[PDB]
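Here's a solo chain for you in C-alpha coordinates, the form deposited in one PDB entry.
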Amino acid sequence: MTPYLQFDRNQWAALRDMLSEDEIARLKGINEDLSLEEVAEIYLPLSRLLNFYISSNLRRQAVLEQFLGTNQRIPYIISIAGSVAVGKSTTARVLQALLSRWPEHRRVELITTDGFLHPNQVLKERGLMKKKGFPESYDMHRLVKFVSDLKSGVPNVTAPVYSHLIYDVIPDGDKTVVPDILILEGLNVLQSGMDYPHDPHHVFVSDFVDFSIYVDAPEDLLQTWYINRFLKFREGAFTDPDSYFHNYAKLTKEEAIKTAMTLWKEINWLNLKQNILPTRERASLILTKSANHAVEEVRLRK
(Lines of atoms letter the chains of each structure in order from A and count residues from 1; the text may use other names and numbers.)
(Lines give C-alpha, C1' and ligand atoms only; values in the text may rest on other atoms or scores of the structure.)
Protein backbone atom coordinates (compact mmCIF):
# COMPACT_ATOMS: atom_id res chain seq x y z
CA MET A 1 0.00 0.00 0.00
CA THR A 2 1.04 3.64 -0.34
CA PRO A 3 0.49 6.90 1.61
CA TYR A 4 -1.93 7.91 -1.14
CA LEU A 5 -5.60 7.43 -1.97
CA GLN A 6 -5.85 6.98 -5.73
CA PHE A 7 -8.49 8.06 -8.25
CA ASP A 8 -8.53 7.62 -12.03
CA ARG A 9 -10.34 10.28 -14.05
CA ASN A 10 -13.78 8.66 -13.80
CA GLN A 11 -13.55 8.01 -10.08
CA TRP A 12 -12.43 11.60 -9.52
CA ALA A 13 -15.13 13.08 -11.75
CA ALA A 14 -17.70 10.90 -9.95
CA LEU A 15 -17.14 13.06 -6.86
CA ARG A 16 -19.41 15.77 -8.30
CA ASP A 17 -23.09 15.78 -7.29
CA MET A 18 -21.92 23.10 -9.34
CA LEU A 19 -20.21 28.01 -13.48
CA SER A 20 -21.74 31.39 -14.38
CA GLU A 21 -21.27 33.47 -17.53
CA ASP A 22 -18.74 35.72 -15.79
CA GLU A 23 -16.89 32.72 -14.36
CA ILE A 24 -16.64 30.88 -17.69
CA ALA A 25 -15.32 34.00 -19.39
CA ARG A 26 -12.76 34.45 -16.62
CA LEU A 27 -11.51 30.89 -17.04
CA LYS A 28 -11.13 31.35 -20.79
CA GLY A 29 -9.39 34.64 -20.11
CA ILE A 30 -6.98 32.63 -17.99
CA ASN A 31 -6.11 30.18 -20.78
CA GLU A 32 -7.99 30.07 -24.09
CA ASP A 33 -6.91 26.44 -24.45
CA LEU A 34 -8.40 25.44 -21.08
CA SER A 35 -11.19 22.88 -21.52
CA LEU A 36 -14.46 23.77 -19.80
CA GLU A 37 -15.26 20.08 -19.44
CA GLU A 38 -11.86 19.53 -17.82
CA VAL A 39 -12.67 22.34 -15.38
CA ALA A 40 -16.08 20.89 -14.58
CA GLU A 41 -14.85 17.31 -14.11
CA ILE A 42 -11.44 17.89 -12.54
CA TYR A 43 -10.83 21.36 -11.12
CA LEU A 44 -14.24 22.08 -9.59
CA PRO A 45 -14.04 18.87 -7.50
CA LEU A 46 -10.42 19.76 -6.64
CA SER A 47 -11.49 23.21 -5.44
CA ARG A 48 -14.21 21.55 -3.35
CA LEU A 49 -11.63 19.23 -1.78
CA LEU A 50 -9.38 22.18 -0.98
CA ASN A 51 -12.31 24.04 0.57
CA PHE A 52 -12.94 21.11 2.91
CA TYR A 53 -9.33 21.29 4.15
CA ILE A 54 -9.55 25.07 4.47
CA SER A 55 -12.91 24.96 6.27
CA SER A 56 -11.62 22.31 8.63
CA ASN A 57 -8.65 24.56 9.35
CA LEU A 58 -10.85 27.60 10.01
CA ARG A 59 -13.13 25.71 12.40
CA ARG A 60 -10.12 24.24 14.22
CA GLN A 61 -8.78 27.77 14.62
CA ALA A 62 -12.00 28.97 16.26
CA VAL A 63 -12.02 26.03 18.69
CA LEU A 64 -8.39 26.68 19.57
CA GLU A 65 -8.97 30.42 19.87
CA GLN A 66 -11.53 29.78 22.58
CA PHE A 67 -9.31 27.27 24.41
CA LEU A 68 -6.10 29.33 24.14
CA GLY A 69 -7.93 32.57 24.81
CA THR A 70 -6.02 34.37 22.05
CA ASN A 71 -7.18 37.36 20.00
CA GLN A 72 -5.05 36.93 14.75
CA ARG A 73 -5.83 35.83 11.18
CA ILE A 74 -3.19 33.71 9.43
CA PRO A 75 -3.43 32.94 5.68
CA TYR A 76 -4.08 29.37 4.61
CA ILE A 77 -1.32 28.55 2.14
CA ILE A 78 -1.41 26.25 -0.89
CA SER A 79 1.71 25.53 -2.94
CA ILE A 80 1.88 24.06 -6.44
CA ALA A 81 4.99 22.26 -7.66
CA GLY A 82 6.07 20.40 -10.77
CA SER A 83 8.19 20.57 -13.90
CA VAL A 84 8.69 23.73 -15.90
CA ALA A 85 5.82 23.84 -18.41
CA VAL A 86 3.66 21.20 -16.72
CA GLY A 87 0.91 23.76 -16.15
CA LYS A 88 1.49 25.14 -12.64
CA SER A 89 0.61 28.70 -13.59
CA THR A 90 -2.61 27.67 -15.29
CA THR A 91 -3.57 25.31 -12.45
CA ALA A 92 -2.87 27.99 -9.85
CA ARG A 93 -4.90 30.66 -11.63
CA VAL A 94 -7.79 28.26 -12.21
CA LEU A 95 -7.79 27.31 -8.51
CA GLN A 96 -7.58 30.97 -7.53
CA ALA A 97 -10.71 31.68 -9.57
CA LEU A 98 -12.66 28.68 -8.28
CA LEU A 99 -11.74 29.13 -4.60
CA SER A 100 -13.10 32.67 -4.93
CA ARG A 101 -16.60 31.17 -5.29
CA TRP A 102 -16.93 30.69 -1.53
CA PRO A 103 -18.00 33.80 0.43
CA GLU A 104 -15.35 32.94 3.04
CA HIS A 105 -12.44 33.17 0.60
CA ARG A 106 -12.84 36.88 -0.07
CA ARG A 107 -9.14 37.25 -0.85
CA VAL A 108 -7.12 34.68 -2.77
CA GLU A 109 -3.58 35.77 -3.60
CA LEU A 110 -1.19 34.16 -6.07
CA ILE A 111 2.60 34.46 -5.84
CA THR A 112 5.08 32.61 -8.05
CA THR A 113 8.59 31.71 -6.93
CA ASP A 114 10.03 33.00 -10.23
CA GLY A 115 10.29 36.40 -8.60
CA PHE A 116 12.67 35.11 -5.94
CA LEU A 117 15.26 34.13 -8.54
CA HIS A 118 18.54 36.05 -8.31
CA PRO A 119 18.47 38.89 -10.88
CA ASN A 120 20.34 38.19 -14.13
CA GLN A 121 23.16 40.50 -12.97
CA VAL A 122 23.79 38.32 -9.95
CA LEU A 123 23.35 35.06 -11.88
CA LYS A 124 25.88 36.13 -14.52
CA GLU A 125 28.35 36.88 -11.72
CA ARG A 126 27.95 33.36 -10.39
CA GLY A 127 27.96 31.85 -13.86
CA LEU A 128 24.39 30.63 -13.39
CA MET A 129 22.71 32.31 -16.38
CA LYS A 130 22.20 28.84 -17.87
CA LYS A 131 20.86 27.49 -14.59
CA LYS A 132 17.63 29.41 -14.01
CA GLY A 133 15.32 27.16 -12.01
CA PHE A 134 18.11 25.29 -10.27
CA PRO A 135 18.49 25.69 -6.47
CA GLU A 136 21.51 27.97 -6.69
CA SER A 137 19.64 30.47 -8.90
CA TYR A 138 17.13 31.22 -6.15
CA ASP A 139 17.33 33.59 -3.22
CA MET A 140 15.79 30.83 -1.10
CA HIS A 141 16.27 32.47 2.28
CA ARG A 142 14.07 35.27 1.03
CA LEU A 143 11.36 32.89 -0.22
CA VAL A 144 11.36 31.08 3.12
CA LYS A 145 11.06 34.36 5.01
CA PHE A 146 8.14 35.37 2.78
CA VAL A 147 5.92 32.45 3.77
CA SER A 148 7.37 32.56 7.28
CA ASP A 149 6.24 36.20 7.69
CA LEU A 150 2.78 35.36 6.32
CA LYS A 151 2.54 32.51 8.80
CA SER A 152 3.70 34.89 11.54
CA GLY A 153 0.71 37.13 10.99
CA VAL A 154 2.60 40.02 9.38
CA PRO A 155 -0.16 42.22 7.87
CA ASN A 156 1.60 43.27 4.66
CA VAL A 157 4.29 41.17 3.02
CA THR A 158 6.24 42.08 -0.11
CA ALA A 159 7.45 39.74 -2.84
CA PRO A 160 9.79 40.38 -5.77
CA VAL A 161 8.31 39.96 -9.25
CA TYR A 162 9.76 38.27 -12.33
CA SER A 163 8.97 39.09 -15.96
CA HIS A 164 9.27 36.39 -18.63
CA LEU A 165 8.92 39.33 -21.03
CA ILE A 166 12.28 40.77 -20.05
CA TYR A 167 13.54 37.44 -18.73
CA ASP A 168 14.64 39.00 -15.43
CA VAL A 169 13.50 40.19 -12.03
CA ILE A 170 11.80 43.59 -12.28
CA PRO A 171 14.03 46.11 -10.38
CA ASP A 172 11.33 48.16 -8.63
CA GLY A 173 8.24 46.02 -9.17
CA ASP A 174 7.86 44.25 -5.82
CA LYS A 175 4.27 43.18 -5.13
CA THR A 176 2.61 43.80 -1.74
CA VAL A 177 0.34 41.06 -0.37
CA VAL A 178 -2.26 42.33 2.10
CA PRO A 179 -5.14 37.27 2.27
CA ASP A 180 -7.45 34.50 3.39
CA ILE A 181 -5.65 32.15 1.02
CA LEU A 182 -2.27 32.37 -0.65
CA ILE A 183 -1.37 30.17 -3.59
CA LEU A 184 2.40 29.78 -3.94
CA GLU A 185 3.34 28.44 -7.36
CA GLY A 186 6.85 27.26 -8.21
CA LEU A 187 8.92 24.26 -9.26
CA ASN A 188 10.82 24.40 -5.96
CA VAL A 189 8.09 24.71 -3.30
CA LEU A 190 8.72 21.15 -2.08
CA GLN A 191 12.51 21.43 -1.99
CA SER A 192 14.41 21.82 1.28
CA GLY A 193 17.81 22.33 2.89
CA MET A 194 19.33 19.27 1.22
CA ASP A 195 18.79 21.01 -2.12
CA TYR A 196 20.93 23.96 -1.05
CA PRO A 197 24.14 22.44 0.36
CA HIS A 198 25.96 25.59 -0.78
CA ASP A 199 23.80 27.75 1.50
CA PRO A 200 21.58 25.59 3.80
CA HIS A 201 18.32 26.58 5.48
CA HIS A 202 16.83 24.56 8.34
CA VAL A 203 13.14 25.44 8.13
CA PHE A 204 11.60 24.74 4.74
CA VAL A 205 8.93 26.36 2.59
CA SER A 206 6.75 23.30 3.22
CA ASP A 207 6.94 24.03 6.95
CA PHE A 208 4.80 27.10 6.26
CA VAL A 209 2.48 25.51 3.67
CA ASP A 210 -0.86 23.93 4.61
CA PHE A 211 -1.57 22.00 1.41
CA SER A 212 0.77 21.12 -1.46
CA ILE A 213 -0.02 19.95 -4.99
CA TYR A 214 2.46 18.45 -7.43
CA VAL A 215 1.37 18.66 -11.08
CA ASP A 216 2.85 15.62 -12.86
CA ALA A 217 3.31 14.60 -16.51
CA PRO A 218 5.57 12.45 -18.76
CA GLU A 219 8.77 13.92 -20.20
CA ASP A 220 7.52 13.56 -23.78
CA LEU A 221 4.43 15.67 -23.06
CA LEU A 222 6.37 18.24 -21.03
CA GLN A 223 8.77 18.74 -23.95
CA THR A 224 5.90 19.31 -26.39
CA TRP A 225 4.15 21.76 -24.05
CA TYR A 226 7.42 23.61 -23.41
CA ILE A 227 8.21 23.96 -27.11
CA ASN A 228 4.69 25.03 -28.09
CA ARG A 229 4.72 27.65 -25.32
CA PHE A 230 8.12 28.79 -26.59
CA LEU A 231 6.80 29.18 -30.13
CA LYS A 232 3.87 31.28 -28.87
CA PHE A 233 6.25 33.58 -26.99
CA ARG A 234 8.43 33.90 -30.08
CA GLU A 235 5.48 34.73 -32.37
CA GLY A 236 4.34 37.27 -29.81
CA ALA A 237 7.66 39.11 -30.04
CA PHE A 238 7.84 39.57 -33.82
CA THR A 239 7.12 43.31 -33.56
CA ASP A 240 8.54 44.00 -30.10
CA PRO A 241 12.33 44.53 -30.10
CA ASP A 242 12.09 45.19 -26.35
CA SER A 243 10.89 41.64 -25.79
CA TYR A 244 13.52 39.10 -24.76
CA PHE A 245 12.00 36.62 -27.23
CA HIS A 246 12.51 39.01 -30.12
CA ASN A 247 16.00 37.46 -30.20
CA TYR A 248 14.41 34.21 -31.42
CA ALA A 249 12.48 35.87 -34.23
CA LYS A 250 15.81 36.18 -36.12
CA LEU A 251 15.97 32.39 -36.24
CA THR A 252 13.95 30.32 -38.68
CA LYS A 253 11.02 28.49 -37.10
CA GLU A 254 12.94 25.22 -37.53
CA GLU A 255 16.09 26.42 -35.78
CA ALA A 256 13.94 28.08 -33.11
CA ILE A 257 12.29 24.74 -32.38
CA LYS A 258 15.70 23.07 -32.01
CA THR A 259 16.87 25.90 -29.77
CA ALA A 260 13.81 25.44 -27.55
CA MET A 261 14.35 21.69 -27.58
CA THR A 262 17.92 22.19 -26.39
CA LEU A 263 16.80 24.60 -23.63
CA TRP A 264 14.40 21.91 -22.49
CA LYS A 265 16.75 18.92 -22.52
CA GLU A 266 19.90 20.53 -21.13
CA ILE A 267 18.28 22.88 -18.60
CA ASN A 268 14.65 22.25 -17.62
CA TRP A 269 14.57 18.48 -18.00
CA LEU A 270 17.87 18.09 -16.17
CA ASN A 271 16.43 20.27 -13.43
CA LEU A 272 13.34 18.06 -13.33
CA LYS A 273 15.33 14.85 -12.87
CA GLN A 274 17.88 16.16 -10.38
CA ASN A 275 15.81 18.58 -8.30
CA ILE A 276 12.09 18.65 -9.00
CA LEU A 277 10.80 15.12 -9.54
CA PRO A 278 12.42 13.81 -6.32
CA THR A 279 10.22 16.13 -4.24
CA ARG A 280 7.00 14.72 -5.69
CA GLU A 281 6.21 12.34 -2.82
CA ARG A 282 6.28 15.23 -0.35
CA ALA A 283 3.07 16.66 -1.86
CA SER A 284 -0.35 16.47 -0.25
CA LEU A 285 -1.83 15.80 -3.68
CA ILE A 286 -0.42 14.66 -7.02
CA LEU A 287 -2.17 15.72 -10.24
CA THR A 288 -1.10 13.47 -13.13
CA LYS A 289 -1.70 14.96 -16.59
CA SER A 290 -1.98 13.22 -19.93
CA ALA A 291 -2.23 14.20 -23.60
CA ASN A 292 -3.85 17.58 -24.23
CA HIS A 293 -3.35 18.31 -20.51
CA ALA A 294 -6.18 15.98 -19.52
CA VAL A 295 -5.90 14.81 -15.93
CA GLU A 296 -5.83 11.00 -15.76
CA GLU A 297 -5.04 10.42 -12.10
CA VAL A 298 -5.34 12.11 -8.72
CA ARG A 299 -3.51 10.94 -5.61
CA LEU A 300 -4.27 12.34 -2.16
CA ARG A 301 -2.39 11.65 1.07
CA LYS A 302 -4.39 9.37 3.37
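Shifts are known only where both forms have a C-alpha. Numbering follows the first chain given and starts at 1. The term rigid core refers to the maximal set of C-alpha atoms that superpose within 1.5 Å between the two forms. First, how it differs from the form deposited in another entry.
Among the candidates 49, 257, 30, 39, the CA atom that moves 2 angstroms or more between the two forms after core superposition belongs to 257 alone. Once the rigid core is overlaid between the two forms, residue 246 counts among the residues whose Cα shifts by 2 Å or more.
Here residue 267 counts as shifted, since its C-alpha moves by at least 2 Å between the two forms after the core is aligned. In the core-superposed comparison between the two forms, residue 162 has its Cα shifted by less than 2 Å. Shifted region between the two forms (core-superposed; runs of 3+ residues, all CA displacements of 2 Å or more, residues common to both forms): 219-270 only.
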The other form holds:
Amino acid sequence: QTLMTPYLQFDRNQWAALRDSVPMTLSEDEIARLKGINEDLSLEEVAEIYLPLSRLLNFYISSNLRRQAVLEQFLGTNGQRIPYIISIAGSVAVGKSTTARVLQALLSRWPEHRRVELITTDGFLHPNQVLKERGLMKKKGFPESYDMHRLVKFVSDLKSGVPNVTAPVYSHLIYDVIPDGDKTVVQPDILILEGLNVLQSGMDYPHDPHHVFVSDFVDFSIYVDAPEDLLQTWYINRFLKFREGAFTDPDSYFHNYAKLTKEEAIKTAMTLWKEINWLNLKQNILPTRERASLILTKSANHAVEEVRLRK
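Swap state to the form deposited in another entry from the form deposited in one PDB entry:
Chain alone follows, minus partners and molecules.
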Protein backbone atom coordinates (compact mmCIF):
# COMPACT_ATOMS: atom_id res chain seq x y z
CA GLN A 1 0.00 0.00 0.00
CA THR A 2 1.58 3.25 -1.18
CA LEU A 3 0.43 6.73 -0.13
CA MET A 4 2.19 8.74 2.54
CA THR A 5 0.88 12.02 3.75
CA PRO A 6 1.63 14.19 6.82
CA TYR A 7 -1.22 12.32 8.48
CA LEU A 8 -1.57 9.02 10.35
CA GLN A 9 -4.63 7.20 9.04
CA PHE A 10 -7.20 5.23 11.07
CA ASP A 11 -10.44 3.73 9.85
CA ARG A 12 -13.32 3.39 12.33
CA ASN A 13 -12.24 -0.06 13.55
CA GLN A 14 -8.63 0.85 14.21
CA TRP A 15 -9.77 3.90 16.17
CA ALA A 16 -12.47 2.21 18.23
CA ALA A 17 -9.80 -0.37 19.00
CA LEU A 18 -7.23 1.93 20.60
CA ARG A 19 -7.23 0.96 24.27
CA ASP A 20 -5.03 2.70 26.78
CA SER A 21 -3.42 1.37 29.96
CA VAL A 22 -6.40 1.80 32.29
CA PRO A 23 -9.93 1.31 30.74
CA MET A 24 -11.98 4.09 29.14
CA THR A 25 -15.54 4.32 30.39
CA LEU A 26 -18.14 6.98 31.09
CA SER A 27 -19.88 7.50 34.40
CA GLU A 28 -23.61 7.96 34.90
CA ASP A 29 -23.54 11.76 35.05
CA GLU A 30 -21.47 12.20 31.86
CA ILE A 31 -23.80 9.76 30.09
CA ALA A 32 -26.53 12.27 30.94
CA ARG A 33 -24.91 15.61 30.00
CA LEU A 34 -24.51 14.31 26.43
CA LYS A 35 -28.03 13.10 25.52
CA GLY A 36 -29.12 16.65 26.22
CA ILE A 37 -26.37 17.91 23.94
CA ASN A 38 -27.58 16.17 20.79
CA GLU A 39 -29.60 13.05 21.61
CA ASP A 40 -29.06 12.05 17.96
CA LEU A 41 -25.61 11.17 19.14
CA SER A 42 -25.43 7.51 20.15
CA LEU A 43 -23.61 6.54 23.34
CA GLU A 44 -21.81 3.87 21.37
CA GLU A 45 -20.59 6.60 18.97
CA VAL A 46 -19.35 8.63 21.94
CA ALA A 47 -17.60 5.68 23.56
CA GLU A 48 -16.05 4.41 20.32
CA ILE A 49 -14.96 7.77 18.87
CA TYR A 50 -15.05 10.88 21.06
CA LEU A 51 -14.05 9.21 24.34
CA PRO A 52 -10.73 8.04 22.77
CA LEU A 53 -10.43 11.39 21.02
CA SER A 54 -10.68 13.23 24.32
CA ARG A 55 -8.15 10.73 25.68
CA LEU A 56 -5.85 11.61 22.82
CA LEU A 57 -6.16 15.33 23.37
CA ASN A 58 -5.42 14.91 27.07
CA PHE A 59 -2.01 13.41 26.25
CA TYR A 60 -1.34 16.51 24.19
CA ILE A 61 -2.62 18.94 26.81
CA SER A 62 -0.90 17.10 29.66
CA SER A 63 2.43 16.95 27.81
CA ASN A 64 2.08 20.71 27.45
CA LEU A 65 1.60 21.38 31.17
CA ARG A 66 4.61 19.20 31.93
CA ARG A 67 6.56 21.47 29.59
CA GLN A 68 5.12 24.60 31.19
CA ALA A 69 6.52 23.40 34.51
CA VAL A 70 10.01 22.68 33.17
CA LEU A 71 10.18 26.08 31.48
CA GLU A 72 8.50 28.01 34.31
CA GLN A 73 11.43 26.65 36.34
CA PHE A 74 14.22 27.40 33.86
CA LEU A 75 13.14 31.00 33.34
CA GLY A 76 11.39 31.45 36.66
CA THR A 77 7.95 32.59 35.61
CA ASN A 78 5.30 33.66 38.12
CA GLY A 79 1.91 32.43 36.96
CA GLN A 80 -0.12 33.71 33.99
CA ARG A 81 -2.78 31.10 33.17
CA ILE A 82 -2.45 30.61 29.42
CA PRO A 83 -5.27 28.33 28.29
CA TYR A 84 -4.89 25.50 25.79
CA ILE A 85 -6.97 26.38 22.78
CA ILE A 86 -8.50 23.75 20.55
CA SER A 87 -10.38 24.88 17.44
CA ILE A 88 -12.95 22.99 15.41
CA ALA A 89 -13.60 23.73 11.72
CA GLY A 90 -15.78 22.43 8.89
CA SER A 91 -18.67 23.34 6.58
CA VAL A 92 -22.25 24.18 7.63
CA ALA A 93 -24.29 21.68 9.70
CA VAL A 94 -21.26 19.39 9.76
CA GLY A 95 -21.44 18.96 13.53
CA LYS A 96 -18.98 21.62 14.64
CA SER A 97 -21.13 22.66 17.61
CA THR A 98 -21.93 19.10 18.69
CA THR A 99 -18.30 17.97 18.59
CA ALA A 100 -17.18 21.03 20.52
CA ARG A 101 -19.92 20.71 23.12
CA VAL A 102 -19.16 16.98 23.53
CA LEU A 103 -15.38 17.40 23.88
CA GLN A 104 -16.00 20.15 26.42
CA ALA A 105 -18.06 17.62 28.38
CA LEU A 106 -15.46 14.84 28.35
CA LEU A 107 -12.42 17.08 28.69
CA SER A 108 -13.73 18.48 31.98
CA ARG A 109 -13.52 15.03 33.54
CA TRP A 110 -9.74 15.34 33.91
CA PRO A 111 -8.41 16.76 37.16
CA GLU A 112 -5.51 18.21 35.04
CA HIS A 113 -7.85 20.96 33.92
CA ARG A 114 -11.47 20.15 34.30
CA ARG A 115 -12.23 23.79 33.21
CA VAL A 116 -13.18 24.32 29.71
CA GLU A 117 -14.71 27.13 27.99
CA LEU A 118 -16.36 27.05 24.59
CA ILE A 119 -16.69 30.00 22.21
CA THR A 120 -18.39 29.66 18.86
CA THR A 121 -17.17 31.87 15.99
CA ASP A 122 -20.71 32.98 14.96
CA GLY A 123 -20.65 35.68 17.62
CA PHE A 124 -17.91 37.38 15.62
CA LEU A 125 -20.04 37.97 12.54
CA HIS A 126 -20.99 41.56 11.70
CA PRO A 127 -24.44 42.41 13.12
CA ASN A 128 -27.27 42.04 10.60
CA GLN A 129 -27.45 45.82 10.43
CA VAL A 130 -23.88 46.03 9.16
CA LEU A 131 -24.40 43.02 6.91
CA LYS A 132 -27.45 44.69 5.29
CA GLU A 133 -25.33 47.81 4.64
CA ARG A 134 -22.76 45.66 2.84
CA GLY A 135 -25.40 43.55 1.15
CA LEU A 136 -24.06 40.42 2.78
CA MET A 137 -26.75 38.80 4.68
CA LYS A 138 -27.30 35.97 2.29
CA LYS A 139 -23.48 35.72 2.62
CA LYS A 140 -23.30 35.06 6.39
CA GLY A 141 -20.24 32.85 6.90
CA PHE A 142 -18.09 34.41 4.18
CA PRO A 143 -14.76 36.07 5.06
CA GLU A 144 -16.49 39.46 4.64
CA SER A 145 -19.34 38.64 7.05
CA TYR A 146 -16.79 38.18 9.79
CA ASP A 147 -15.06 40.78 11.89
CA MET A 148 -12.07 38.68 12.46
CA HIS A 149 -9.69 41.39 13.34
CA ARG A 150 -11.73 41.19 16.50
CA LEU A 151 -11.62 37.38 16.55
CA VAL A 152 -7.87 37.12 16.11
CA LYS A 153 -7.64 39.76 18.86
CA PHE A 154 -9.74 37.54 21.06
CA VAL A 155 -7.47 34.48 20.98
CA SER A 156 -4.44 36.79 20.85
CA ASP A 157 -5.55 38.33 24.12
CA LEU A 158 -6.21 34.89 25.63
CA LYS A 159 -2.70 33.80 24.62
CA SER A 160 -1.36 37.09 26.02
CA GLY A 161 -2.28 36.35 29.62
CA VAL A 162 -5.19 38.80 29.70
CA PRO A 163 -7.28 37.63 32.73
CA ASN A 164 -10.88 38.25 31.68
CA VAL A 165 -11.45 38.52 27.97
CA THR A 166 -14.94 39.11 26.65
CA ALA A 167 -16.43 37.73 23.44
CA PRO A 168 -19.56 38.64 21.42
CA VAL A 169 -22.38 36.10 21.36
CA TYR A 170 -24.62 35.06 18.47
CA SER A 171 -28.28 34.17 18.97
CA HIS A 172 -29.86 31.22 17.20
CA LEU A 173 -33.27 32.71 18.01
CA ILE A 174 -32.99 36.11 16.36
CA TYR A 175 -29.96 35.05 14.30
CA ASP A 176 -27.95 38.16 14.97
CA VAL A 177 -25.17 38.95 17.42
CA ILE A 178 -26.77 39.70 20.81
CA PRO A 179 -26.56 43.54 21.39
CA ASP A 180 -25.23 43.45 24.92
CA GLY A 181 -24.86 39.72 25.41
CA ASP A 182 -21.07 39.47 25.25
CA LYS A 183 -19.61 36.59 27.28
CA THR A 184 -16.70 36.86 29.71
CA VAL A 185 -14.07 34.13 29.56
CA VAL A 186 -12.62 33.84 33.05
CA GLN A 187 -9.21 32.15 32.72
CA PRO A 188 -10.20 28.64 31.58
CA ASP A 189 -7.75 25.74 31.39
CA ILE A 190 -8.94 24.86 27.90
CA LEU A 191 -10.84 27.03 25.42
CA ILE A 192 -12.56 25.30 22.51
CA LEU A 193 -13.18 27.56 19.51
CA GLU A 194 -15.85 26.21 17.14
CA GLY A 195 -16.53 27.92 13.82
CA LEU A 196 -16.31 27.73 10.03
CA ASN A 197 -13.27 30.01 9.82
CA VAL A 198 -10.92 28.90 12.59
CA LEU A 199 -8.45 27.64 9.95
CA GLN A 200 -8.35 30.69 7.66
CA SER A 201 -5.50 33.16 7.16
CA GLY A 202 -5.12 36.68 5.78
CA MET A 203 -5.04 35.14 2.31
CA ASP A 204 -8.81 34.66 2.78
CA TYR A 205 -9.43 38.31 3.72
CA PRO A 206 -7.83 40.37 0.94
CA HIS A 207 -10.45 43.10 1.36
CA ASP A 208 -9.11 43.62 4.88
CA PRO A 209 -5.93 41.53 5.46
CA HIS A 210 -4.48 40.42 8.80
CA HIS A 211 -0.95 39.06 9.25
CA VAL A 212 -1.08 36.81 12.32
CA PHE A 213 -3.82 34.19 12.17
CA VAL A 214 -6.19 32.42 14.50
CA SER A 215 -4.12 29.26 14.07
CA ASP A 216 -1.08 31.14 15.40
CA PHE A 217 -2.90 31.16 18.74
CA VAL A 218 -4.48 27.69 18.63
CA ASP A 219 -2.73 24.65 20.11
CA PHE A 220 -4.74 21.93 18.42
CA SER A 221 -7.14 22.20 15.50
CA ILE A 222 -9.79 19.72 14.35
CA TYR A 223 -11.43 19.79 10.92
CA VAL A 224 -14.72 17.91 10.44
CA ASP A 225 -14.86 16.48 6.90
CA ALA A 226 -17.52 14.85 4.75
CA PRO A 227 -18.06 14.33 0.99
CA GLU A 228 -19.64 17.25 -0.85
CA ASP A 229 -22.92 15.45 -1.63
CA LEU A 230 -23.32 14.88 2.12
CA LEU A 231 -22.58 18.49 3.03
CA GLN A 232 -25.26 19.47 0.51
CA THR A 233 -27.86 17.27 2.22
CA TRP A 234 -26.92 18.48 5.69
CA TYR A 235 -27.10 22.09 4.55
CA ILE A 236 -30.48 21.47 2.96
CA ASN A 237 -31.80 19.81 6.11
CA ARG A 238 -30.63 22.70 8.30
CA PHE A 239 -32.39 25.13 5.97
CA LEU A 240 -35.51 22.96 6.02
CA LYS A 241 -35.49 23.04 9.83
CA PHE A 242 -34.29 26.63 10.37
CA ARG A 243 -35.30 28.36 7.12
CA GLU A 244 -32.50 30.79 8.01
CA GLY A 245 -34.18 32.46 10.96
CA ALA A 246 -37.36 32.51 8.87
CA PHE A 247 -39.21 31.28 11.94
CA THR A 248 -38.22 32.47 15.46
CA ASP A 249 -38.54 36.22 14.75
CA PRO A 250 -41.55 38.54 14.13
CA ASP A 251 -40.79 38.49 10.41
CA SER A 252 -37.08 37.81 10.19
CA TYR A 253 -35.12 39.37 7.39
CA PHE A 254 -35.91 36.04 5.71
CA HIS A 255 -39.46 35.80 7.06
CA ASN A 256 -40.60 35.03 3.51
CA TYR A 257 -38.99 31.57 3.66
CA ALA A 258 -41.66 30.62 6.21
CA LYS A 259 -44.43 30.37 3.56
CA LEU A 260 -42.25 28.06 1.43
CA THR A 261 -43.56 24.51 1.01
CA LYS A 262 -41.17 21.61 1.54
CA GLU A 263 -40.55 21.22 -2.21
CA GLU A 264 -40.02 24.96 -2.51
CA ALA A 265 -37.82 25.01 0.58
CA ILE A 266 -35.35 22.37 -0.59
CA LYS A 267 -35.61 23.94 -4.04
CA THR A 268 -34.44 27.22 -2.44
CA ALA A 269 -31.98 25.54 -0.13
CA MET A 270 -30.01 24.14 -2.93
CA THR A 271 -30.05 27.22 -5.06
CA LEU A 272 -28.45 28.93 -2.07
CA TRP A 273 -26.05 26.00 -1.71
CA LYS A 274 -25.14 25.63 -5.37
CA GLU A 275 -24.75 29.37 -5.86
CA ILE A 276 -23.43 30.65 -2.54
CA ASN A 277 -22.41 28.28 0.23
CA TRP A 278 -21.11 25.54 -2.03
CA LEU A 279 -18.60 28.08 -3.26
CA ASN A 280 -17.83 29.33 0.24
CA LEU A 281 -16.86 25.77 1.09
CA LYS A 282 -15.05 24.99 -2.13
CA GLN A 283 -12.88 28.09 -1.84
CA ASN A 284 -12.77 29.37 1.73
CA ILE A 285 -13.27 26.32 3.90
CA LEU A 286 -12.20 23.08 2.20
CA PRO A 287 -8.75 24.46 1.29
CA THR A 288 -7.97 24.85 4.98
CA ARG A 289 -8.61 21.18 5.84
CA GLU A 290 -4.95 20.19 5.40
CA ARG A 291 -4.10 22.94 7.92
CA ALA A 292 -5.86 21.00 10.67
CA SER A 293 -4.07 18.97 13.35
CA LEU A 294 -6.66 16.21 13.16
CA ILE A 295 -9.28 15.43 10.54
CA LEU A 296 -12.57 13.61 11.20
CA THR A 297 -14.38 12.10 8.21
CA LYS A 298 -18.12 11.37 8.63
CA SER A 299 -20.62 9.13 6.84
CA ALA A 300 -24.22 9.88 5.81
CA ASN A 301 -25.44 9.60 9.41
CA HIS A 302 -22.69 11.60 11.10
CA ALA A 303 -20.93 8.39 12.12
CA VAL A 304 -17.17 8.97 12.07
CA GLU A 305 -15.51 6.66 9.54
CA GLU A 306 -11.93 7.94 9.48
CA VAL A 307 -9.46 9.75 11.66
CA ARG A 308 -6.28 11.46 10.50
CA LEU A 309 -3.73 12.77 12.99
CA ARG A 310 -0.66 14.78 12.03
CA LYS A 311 2.53 12.75 12.33
